[PDB]
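Given as structure tokens, the chain that follows is alone and in the form deposited without the named molecule.
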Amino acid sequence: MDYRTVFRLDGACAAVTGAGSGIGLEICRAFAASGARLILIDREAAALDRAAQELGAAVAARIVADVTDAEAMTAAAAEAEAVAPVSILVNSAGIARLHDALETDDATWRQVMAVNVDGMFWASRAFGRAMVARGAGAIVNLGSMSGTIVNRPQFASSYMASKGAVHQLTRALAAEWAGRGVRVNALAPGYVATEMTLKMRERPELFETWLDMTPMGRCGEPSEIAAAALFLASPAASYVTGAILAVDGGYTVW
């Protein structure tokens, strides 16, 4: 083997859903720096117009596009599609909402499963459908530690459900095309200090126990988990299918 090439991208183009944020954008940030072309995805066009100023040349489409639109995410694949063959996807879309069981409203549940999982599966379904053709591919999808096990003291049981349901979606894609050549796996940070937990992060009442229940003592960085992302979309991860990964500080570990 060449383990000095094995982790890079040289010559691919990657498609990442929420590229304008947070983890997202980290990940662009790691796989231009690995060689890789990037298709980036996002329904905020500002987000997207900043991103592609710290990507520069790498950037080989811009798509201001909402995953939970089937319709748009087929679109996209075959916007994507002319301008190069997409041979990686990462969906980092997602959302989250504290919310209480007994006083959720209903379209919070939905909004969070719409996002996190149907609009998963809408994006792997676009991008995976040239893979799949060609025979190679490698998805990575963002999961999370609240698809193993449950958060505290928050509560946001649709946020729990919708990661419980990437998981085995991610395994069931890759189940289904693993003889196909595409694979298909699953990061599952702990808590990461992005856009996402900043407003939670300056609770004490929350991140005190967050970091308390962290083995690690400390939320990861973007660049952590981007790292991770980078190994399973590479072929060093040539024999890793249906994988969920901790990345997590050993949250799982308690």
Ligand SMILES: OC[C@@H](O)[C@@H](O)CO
Given for the second form:
There are 4 protein chains.
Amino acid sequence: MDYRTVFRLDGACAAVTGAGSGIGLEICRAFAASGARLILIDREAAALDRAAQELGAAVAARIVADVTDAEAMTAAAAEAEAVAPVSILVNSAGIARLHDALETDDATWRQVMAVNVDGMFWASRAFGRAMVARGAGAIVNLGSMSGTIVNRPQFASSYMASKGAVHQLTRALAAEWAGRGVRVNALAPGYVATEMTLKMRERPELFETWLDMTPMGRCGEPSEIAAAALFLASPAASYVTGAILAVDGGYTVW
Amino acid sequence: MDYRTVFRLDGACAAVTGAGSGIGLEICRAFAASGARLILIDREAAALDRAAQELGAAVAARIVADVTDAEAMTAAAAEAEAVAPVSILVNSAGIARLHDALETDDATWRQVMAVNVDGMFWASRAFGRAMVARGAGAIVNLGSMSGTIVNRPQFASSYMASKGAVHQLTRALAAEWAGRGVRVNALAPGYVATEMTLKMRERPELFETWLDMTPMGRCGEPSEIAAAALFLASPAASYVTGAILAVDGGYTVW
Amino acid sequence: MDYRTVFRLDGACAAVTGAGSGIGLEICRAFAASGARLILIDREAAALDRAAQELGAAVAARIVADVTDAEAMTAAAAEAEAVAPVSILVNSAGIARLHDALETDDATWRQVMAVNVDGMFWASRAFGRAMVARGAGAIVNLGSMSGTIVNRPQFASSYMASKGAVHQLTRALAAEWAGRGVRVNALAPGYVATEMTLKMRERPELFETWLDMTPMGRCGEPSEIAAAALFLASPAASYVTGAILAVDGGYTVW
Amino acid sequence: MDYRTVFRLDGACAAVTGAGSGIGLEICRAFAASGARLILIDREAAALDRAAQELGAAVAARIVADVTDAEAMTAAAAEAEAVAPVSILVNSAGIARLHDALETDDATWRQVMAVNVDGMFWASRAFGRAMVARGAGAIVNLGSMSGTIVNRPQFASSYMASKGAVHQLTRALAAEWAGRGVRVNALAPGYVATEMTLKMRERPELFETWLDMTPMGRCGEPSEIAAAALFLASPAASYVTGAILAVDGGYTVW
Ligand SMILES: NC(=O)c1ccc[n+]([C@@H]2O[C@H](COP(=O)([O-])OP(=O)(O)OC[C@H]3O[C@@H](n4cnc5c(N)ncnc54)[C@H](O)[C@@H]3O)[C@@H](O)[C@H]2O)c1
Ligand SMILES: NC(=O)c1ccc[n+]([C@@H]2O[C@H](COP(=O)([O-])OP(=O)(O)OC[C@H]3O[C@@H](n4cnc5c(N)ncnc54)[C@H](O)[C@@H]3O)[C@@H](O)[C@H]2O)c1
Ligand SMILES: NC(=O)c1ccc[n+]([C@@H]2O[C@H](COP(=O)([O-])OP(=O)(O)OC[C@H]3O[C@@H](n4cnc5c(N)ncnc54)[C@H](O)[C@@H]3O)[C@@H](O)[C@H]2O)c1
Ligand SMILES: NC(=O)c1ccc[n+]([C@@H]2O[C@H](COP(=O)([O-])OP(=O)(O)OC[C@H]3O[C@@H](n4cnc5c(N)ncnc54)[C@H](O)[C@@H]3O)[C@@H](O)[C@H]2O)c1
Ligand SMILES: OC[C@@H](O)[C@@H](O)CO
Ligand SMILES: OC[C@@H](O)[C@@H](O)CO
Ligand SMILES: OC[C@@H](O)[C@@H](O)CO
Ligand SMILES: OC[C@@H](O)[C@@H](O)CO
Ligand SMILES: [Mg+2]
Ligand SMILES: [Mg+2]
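With the form deposited without the named molecule in hand, show me what the form deposited with the named molecule bound looks like.
Entire complex below, previous chain first.
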């Protein structure tokens, strides 16, 4: 057993949705640094531009696709497989919409569920197919502490519901594919200091409550989430499947 | 503090989705026996008529409606409020479809999610509005042990994902409405001797595994799930909100 | 089943540890009101007398005993059995001590673990023996939200660990005795307005925080814990075993 | 970050209980291969001699002590602190005794709780002191799937209870010390192929059930547990605290 290289992804090809920004991009950084080749997937093709510049030779392909389009995910997987066997998938496309339950537009509910759950299933089915055939693979899904507990003070019931679905989808596929050598796990991050949540701080009433409810008294940095994703994606996690790993500064402890 | 009557529902009106069959119908029987009036909601006209026939005077209204139709849920709640103030909602409309993940029809995924999760939200938003305005109500959602664990050996990853979402939806609404006096809780049943279920033996490996995986070594009876729903619906559960109550013969203990 | 009577305990005899005060005594009131005879167990002779006086004819026996004295629990079960078959046990004896981890004296940690865990086992083994012989019984343990999450701002790591043990002990005995018809479940109450929490409730630095962390914005009343205990002990809960039921005004939801 | 070294422990000194065999020893190998120096802690050498002949220059001190003796732990930290500041603690001492609940002798119960829970608290209190004073530390507790579910078919209620306590202790200390820069996490391993558990092969009425209940269909190798401990001990887990990480081949998913 070589512990010096057990966390590496040498020789792996990893597809990452949401690759162009935030957590997906930092996960790409981690994976690249660890020897993986990348299939970058995003709907914002210029956020892809940014990523490919940074990741250089580690990029095997850049694919523009909406995860909510099942046909487009099946196509992305066929295109990726033609470049190299995809042995890792990271589902890091996810959105959040603030809404009071009683005032929720039907479209808001459907949009969040479609991206966060359905899109995860479309990508997992598409990319998982060849992993299952090969009897080898690792899937890391971006769940949330929102799949375990309910945020405060803001309301976003569709987010909570979608992340509950993400955690059970993770486990469902872990169970179904364990016998065929594909591991499936989720991260459950707390608040993460992405450009996007850091602006969500023009609102001290929200932000101060978030910090006060986190034992570490801070948001997680994107790299702290990526380092956990790297662990779950690597052979270090060879006996880890169907796990929901909290990376939340202690948020779910209280 | 009259413990002899604290589980009763005299003077309350309960709306029940999926009232026509299985667990929803047994819940109706339990609630009627406990003094409640009933708004029966189901997509099947013939089933509703049978249900109404047996339930007699306890029925305040019967509404043929599809829980996946948001507009129909909103109209059902307006109709019900005209006929009786609804202070209890039971979301027992659910479906289950067997599918191997890699062989899943997109429509199968969508329909399971639509009924199990979106429908529960549409009904909860619709009927919950007036509860929240009055500052009083109780909602009981039919979750599942499938919201907590993954069944074996059969595969139904949409069911698992939908039930993860149901458990978190329950909790999100619990948190949002707690200050306005509306409690929202879920049952997580094990295997229950219903149609949904007894039609699966019908693959003879299934039942023997199920029972071997259940400490009590038997399926639950619908009446056993209904008695638990009655607890959560009643004033006995006045300090219970956002709870997921396992009623599974110990299945999730092992 | 007959729902009008499914929550009743007529014909039953329940042993309750911690019967002299608080939740235990309220559970005794609830069980007596529901038709049960009672075995009162408490280390405080004077408190037990007051309880016995109040509870009247419902009291079959009163046993002055320390749950940490395993030999006394053994004799107490033999004494009770000579008087009536005990078919229900409630383990409500329990203590909380505030201590900072680094400034913890060995004896504080020992005593909390001894009363809360060891004593629950001594009493369960003792009273459980004849239930298992008979093929029928129901046990209800007082766990806590502190078996799931960690209280704030006060520290009491021994209490947290003890309640983590209570929850697993509950489930362990549920699994082991399921085949012999003995259900074993736990309640996980949030803050409750008792003697246990009386002083702390005077300190606003603690109490404001407790209320702000509780979605219902109040402690539960003893009767609201007792009503849930009654449910678990009754035939209504006949398919519930190994469950941990949160009765915490939504505390563990956030 | 950088990701090439984020999993390393160069310049750290780690104290490991149960270091002479099984998981504790494999963790020592993992930590040594990652640049750590080691305080080896176990009850009799060798044990520790053969561990030192193996681990070479990595060993800073070898301390013989009983984790159940609160004074031996306090002393042990003091001795270790004289050789090197200890920035990492791994509580890998643990025992399991088979016993049916109704055939349980008091000393069996007390001993399992004393090694698994009390011993963990004494070690954490003792080694935690200097960490909290230095505002930096990481503690990895060996929990178990047995702290989440109940094993089958064998009975060992003290092991389950003790492991529930380990999970909650881990969390309590995470909450208490979050503000003082000490992270505290637990692993929850499934069955691990230590020499001890490999002897069960051997008893196929046990072993074959164990494998049938594990989605991966095999026990984990000690290195698979150690790689996960290394993750939690390392800067890669800097936003992970109060987490229970399942490493169980999916055991707790079903
Ligand atoms: N506080 C937090 O940031 C937080 C908390 C809990 C969970 N998460 C989860 O972590 C993951 C990463 O989020 P982030 O913070 O990096 O986001 P971000 O705001 O930094 O960027 C969002 C990215 O998702 C992409 N995207 C959105 N919809 C898409 C679609 N349909 N198809 C393809 N790409 C799409 C966008 O183009 C963009 O690049 C998400 O799954 C999120 O749900 C985040
Ligand atoms: N083993 C089990 O049967 C089991 C276990 C755990 C949880 N549950 C859940 O409990 C609930 C009750 O189901 P059941 O077990 O009685 O199954 P069942 O087949 O006996 O009854 C299903 C009922 O839901 C109704 N329904 C379906 N779609 C509807 C729609 N769109 N609008 C209105 N009504 C609709 C059907 O008409 C029928 O009356 C479901 O939510 C189910 O997911 C069932
Ligand atoms: N905030 C709360 O009140 C709260 C919340 C969650 C869980 N709980 C748990 O509920 C249970 C009951 O608490 P309560 O509110 O009634 O507390 P209380 O202090 O009001 O009553 C506790 C009773 O237990 C008895 N007792 C203590 N040690 C004993 C021993 N060694 N042997 C026999 N009897 C003993 C005491 O004499 C007293 O009569 C306990 O297990 C407690 O941990 C309490
Ligand atoms: N199947 C498994 O191996 C399994 C499953 C779940 C959890 N765990 C947990 O993993 C951890 C390590 O297990 P393992 O497989 O290495 O066990 P092991 O028996 O192989 O080694 C355990 C070590 O603990 C030491 N120890 C025992 N009592 C001690 C005491 N009183 N003082 C000091 N040292 C003592 C022993 O000397 C031994 O070296 C334990 O905490 C165990 O509870 C193991
Ligand atoms: O949108 C704020 C909250 O609901 C989470 O999605 C954290 O981003
Ligand atoms: O797919 C699991 C199924 O058997 C149950 O949900 C219905 O009984
Ligand atoms: O610290 C948790 C415990 O003391 C509570 O029951 C409050 O009294
Ligand atoms: O440490 C041994 C552990 O695997 C026990 O659960 C065996 O019963
Ligand atoms: Mg919380
Ligand atoms: Mg299980």
